[PDB]
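Colleague: If you want the building blocks of each chain, they are given just below.
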Amino acid sequence: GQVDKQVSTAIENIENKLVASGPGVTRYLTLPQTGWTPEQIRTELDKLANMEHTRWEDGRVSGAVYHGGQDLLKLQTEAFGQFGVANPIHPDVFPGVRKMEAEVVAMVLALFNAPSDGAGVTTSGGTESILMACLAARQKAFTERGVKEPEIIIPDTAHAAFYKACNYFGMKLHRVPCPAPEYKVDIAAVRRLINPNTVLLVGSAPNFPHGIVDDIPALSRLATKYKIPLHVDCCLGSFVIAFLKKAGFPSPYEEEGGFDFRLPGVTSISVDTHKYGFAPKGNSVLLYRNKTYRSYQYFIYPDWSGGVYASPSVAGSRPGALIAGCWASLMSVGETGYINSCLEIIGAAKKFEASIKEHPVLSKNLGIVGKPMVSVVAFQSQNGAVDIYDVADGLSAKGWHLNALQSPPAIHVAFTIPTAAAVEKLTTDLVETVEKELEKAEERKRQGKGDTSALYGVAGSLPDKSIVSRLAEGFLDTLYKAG
Amino acid sequence: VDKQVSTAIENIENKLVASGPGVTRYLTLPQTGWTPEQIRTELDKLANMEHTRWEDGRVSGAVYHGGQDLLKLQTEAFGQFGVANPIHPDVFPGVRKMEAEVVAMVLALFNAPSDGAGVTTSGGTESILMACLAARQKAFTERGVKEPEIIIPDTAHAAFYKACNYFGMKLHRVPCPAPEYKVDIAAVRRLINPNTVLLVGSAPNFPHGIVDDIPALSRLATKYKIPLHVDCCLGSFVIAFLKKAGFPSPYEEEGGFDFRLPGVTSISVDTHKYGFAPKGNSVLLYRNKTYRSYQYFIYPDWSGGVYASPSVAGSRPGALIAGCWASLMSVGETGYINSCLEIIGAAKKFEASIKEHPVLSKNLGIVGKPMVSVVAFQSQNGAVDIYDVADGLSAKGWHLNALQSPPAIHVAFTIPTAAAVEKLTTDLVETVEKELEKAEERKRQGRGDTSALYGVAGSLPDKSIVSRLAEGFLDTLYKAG
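Residue numbers (PDB author numbering), protein chains in the order written: chain A, 85 to 533, 540 to 573; chain B, 87 to 532, 539 to 573.
No lab work stands behind these hints: they were computed from the structure. Take these hints with a grain of salt, some might be off.
[To be verified] Below, a list of computed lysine-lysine pairs in the DSS-like style, where the Cα atoms sit at most 25 Å apart:
1) A:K375 - B:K555
2) B:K375 - A:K101
3) A:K248 - A:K555
4) A:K158 - B:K232
5) B:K375 - A:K232
6) A:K232 - B:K131
7) A:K375 - B:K101
8) B:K311 - B:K232
[Said to hold, decoys possible] So these bits of chain B aren't anywhere near chain A, every CB distance computed over 10 Å:
9) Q160
10) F167
11) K183
12) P265
13) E266
14) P334
15) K365
16) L446
17) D541
18) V548
[Stated by the list, open to error] Pair ranges (Cβ atoms, derived):
19) B:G332 - A:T227: 48 to 58 Å
20) A:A505 - B:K256: 14 to 24 Å
21) A:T227 - B:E141: 40 to 50 Å
22) B:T118 - A:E526: 52 to 62 Å
23) B:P122 - A:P553: 55 to 65 Å
Just so you know, even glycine gets a beta-carbon here, dropped at the ideal spot from N, CA and C.
Extracted from the complex, chain A is given alone in its bound form:
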């Protein structure tokens, strides 16, 4: 009962927090009987656009909007306008799109020093990329090594999409710890888990939670040695991780052959053109060391009454409009653009990182998680008087949308062109937030002795996960609740 009531309450709170109601909220739950007018639609749409929301425009949201620049957005919009009806599955009908796509891939292959037989596909997103990589490896190991009970070895810090992959394609997952202070995968632990049913090694460049780049060289050595495909999740490093050297920022493992196709064990890399490529959402690229590989992810069904069906990825039908958007984005930004943006973003990251380490308050109370090199800075509490989640809620109350982590308890900022412009303000607000909690503790001690974010703390520590499970289930339901 009680658990139930608590849950229901929590859900109700979520719904009350996400579902926007109140006078003015017209809920359109059935098709209009007569078509609205263009102006009508435009009006309503503006109305929607101006709903109250975390002001990403004010650079207060972590890694949600990477560029946001009107000029670019317009361009993307025009591209969309020109290729609105384009569907690449019909290259003979939409050749332009087909070209643009190919080119996008090419351009990315180059960024990561791909071999000449390098091949790649566009995917809707990093999730899809990862899925397809996994599938690829599975099919590979099946066709070649006749493997039937597939296994993949991932770091704990690895992106959940991998678990999704294993869940979907029926693979056994192995999570290796990334212990402090390095917060990098345990190579020995990886080695130990390698067995004949291992079909994929995974590495992160960097990883979502902490923004740490795993020991891709070491993983490559293992991969080469045991003849197992290495996949690099670079979704989040995107362009930024690549332009690091050009920007002058140290490139992860430069002196050990980098983190990309330069390393012979690296067989597949996933890159999100929509994160730091600044492409429209719905634009990622998966790279394979050779066509031979890529092929495993293809779906061909020749016996179909409707004709031979062939699809390179998950989707049959896709949006040429978005493809074109991605393309132009790349062309409009260009090497210079990316170097510049890199400079800014990484600069901001480094500045923040310094702030935490140096600022008299922060340096005493907080600590950086590992040694982040890219665009993601994760920090945790080094003072038992300051609960990190409390800090999170404190910043949230100040209008910040940062990312709360679990293992360990921490917060991360994924810096984007917007957030980079707000770094100082972030620093300020963080200082103030921290101070406040210190006073609270002081007041607690004075008194002798309400914690929010407990969902990630108390609930994070809760014995069963069923609780958080139901909580999320609600969230998701809410996402589609209109009535």
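Chain A is already provided as a structure; the job is to place chain B on it using the hints.
Modeller: Just chain B now, kept in the frame of chain A:
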């Protein structure tokens, strides 16, 4: 074999990859960003590359509306919601709303129950995948099934195979025999076993545009307590508005083909076909939230925080969502009824033409009894090879769909193609006539046409051949240099 293959592939590449003077191939990022005007210029160039003229209504079921007014609106929506990502509802509430509303509107269209739930997917493929996954997870959680099986009609969409391949399920193909080209209910029944986790039905099916016996499937589904999924991807809005338009509604008098039938647990609908939403916009419908839930992915233990996603994709395009939404609102019931009237009208007209026109009626035959937007016809004359007809129309600039079982061609009518039905009829007549003449000279004395090679390869003992051929195609799709 190898040489033949390689040649074929080379022909494909030489037929899809535009080369030749002026074809600038950008294989690396420009060193300095291009200017807006430069980009616009290039983009126009790309847009005006030579291609099958869908604008002239010569492409089957690729562009459903294509109307400038709508496109502009969609474009504006995209412009306003370019950066929107629904996974952040607190950041992009509008999108979150619009989505929910879309789902609702569709749920209504198919007479969903009050506890009816639904998600948006990128497309019908994804819808189908998610339905299959849902069923699987259901049967696992509830009936502890470990070796899942699904029963589908032969005419069912390949995405089902993809689903089974992906999620490791056993697939059962049931025949759809002439003249009905509907699934064999008896054969379905016989295959039902404790490991059966999903029954499938088509409304209509892609190849022949036939609606399966959804009532019967519903009965079986209720009886054996197995989920029924209706693939409605291709019936989309048009099948929903058929009766309103005045055209007969499949199985009206037996409770229709949608949630009115108690056995119908899930329906997949493509807002991007006849909803006229931008590409990347489909909806999956479930009789109850409880059901829908099975397709959700929740990973709570993740160091980055509790991950939860409703479908395949984590990140998604709010721009597209908003576009789809507006499309609906801008078109409205009236609009859809009108478009239905036109499209179905055209289909029927074509169907009649084939049955009545002195030439065609003698040489061709409709496949089954189509009622929707897909009209499929085959050769009734051994002198006329359907694929040859296909190639003939192809030479006339038509992009129609060539089928295998049986050998046939289909037209999926869209606002464009509907406007060209007459011209299509004319060109078809002329095409047929030609092949008849050819056969005359043939018989008077005693080669290989492309489509024929497609048929020959499909008639070959092993599919490995065609497989490779397809692979090549796909590779081509990503060849830039």
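Colleague: Indicate, hint by hint, whether the structure satisfies it.
Modeller: Hints, verified against the model:
Among the hinted pairs, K375 of chain A with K555 of chain B is consistent with the structure: their alpha-carbon atoms are about 21 Å apart, no more than 25 Å. With a C-alpha separation of about 20 Å, the suggested pair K375 of chain B and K101 of chain A falls inside the 25 Å cut-off, and the hint holds. Under the criterion of a C-alpha separation no larger than 25 Å, the hint pairing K248 of chain A with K555 of chain A is consistent with the structure, at around 17 Å. A hinted pair counts as satisfied when its Cα atoms are at most 25 Å apart, and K158 of chain A with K232 of chain B does not qualify at roughly 51 Å.
Restraint check: the Cα-Cα separation between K375 of chain B and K232 of chain A comes to about 34 Å, which exceeds 25 Å; the hinted pair is violated. Between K232 of chain A and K131 of chain B the alpha-carbon distance is near 49 Å, which puts this suggested pair outside the 25 Å criterion. A hinted pair counts as satisfied when its Cα atoms are at most 25 Å apart, and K375 of chain A with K101 of chain B qualifies at roughly 20 Å. Taken as a hint, the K311 of chain B and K232 of chain B pair is honoured in the structure, with Cα atoms around 18 Å apart against an allowance of 25 Å.
Remark: the non-interface label on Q160 of chain B conflicts with the geometry, its nearest Cβ contact in chain A lying 6 Å away (cut-off 10 Å). Here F167 of chain B does not stay apart from chain A, with its beta-carbon only about 7 Å from theirs, under the 10 Å limit. Distance check for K183 of chain B against chain A: the nearest CB is about 7 Å away, which does not clear 10 Å, and the non-interface claim fails. The Cβ of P265 of chain B sits about 15 Å from the closest Cβ of chain A, beyond the 10 Å cut-off, so the non-interface label holds.
At roughly 14 Å, the least C-beta separation between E266 of chain B and chain A is larger than 10 Å, which holds for a residue marked as non-interface. No Cβ of chain A comes within 10 Å of the Cβ of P334 of chain B; the nearest lies about 22 Å off, and the non-interface call holds. With 10 Å as the threshold on Cβ separation, the claim that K365 of chain B sits away from chain A is violated: the shortest Cβ distance comes to roughly 5 Å. Its beta-carbon lying about 22 Å from the closest one in chain A, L446 of chain B satisfies the requirement of being farther than 10 Å from that chain.
Consistency note on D541 of chain B: stated as away from chain A, and its beta-carbon is indeed over 10 Å from all of that chain's, at 16 Å minimum. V548 of chain B, annotated as away from the interface, keeps every beta carbon of chain A farther than 10 Å; the closest lies near 13 Å. At about 54 Å, the CB distance of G332 of chain B to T227 of chain A agrees with the hint of 48 to 58 Å. As the Cβ distance of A505 of chain A to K256 of chain B is approximately 55 Å, the hint placing it in 14 to 24 Å is violated.
At about 43 Å, the beta-carbon gap between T227 of chain A and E141 of chain B stays in the expected band of 40 to 50 Å. Between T118 of chain B and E526 of chain A the CB atoms are about 56 Å apart, so this pair conforms to the stated range of 52 to 62 Å. At roughly 57 Å, the beta-carbon separation of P122 of chain B and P553 of chain A lies within the given 55 to 65 Å, and the hint holds.
Hints 4, 5, 6, 9, 10, 11, 15 and 20, counting from the list given before, are not met by this structure.
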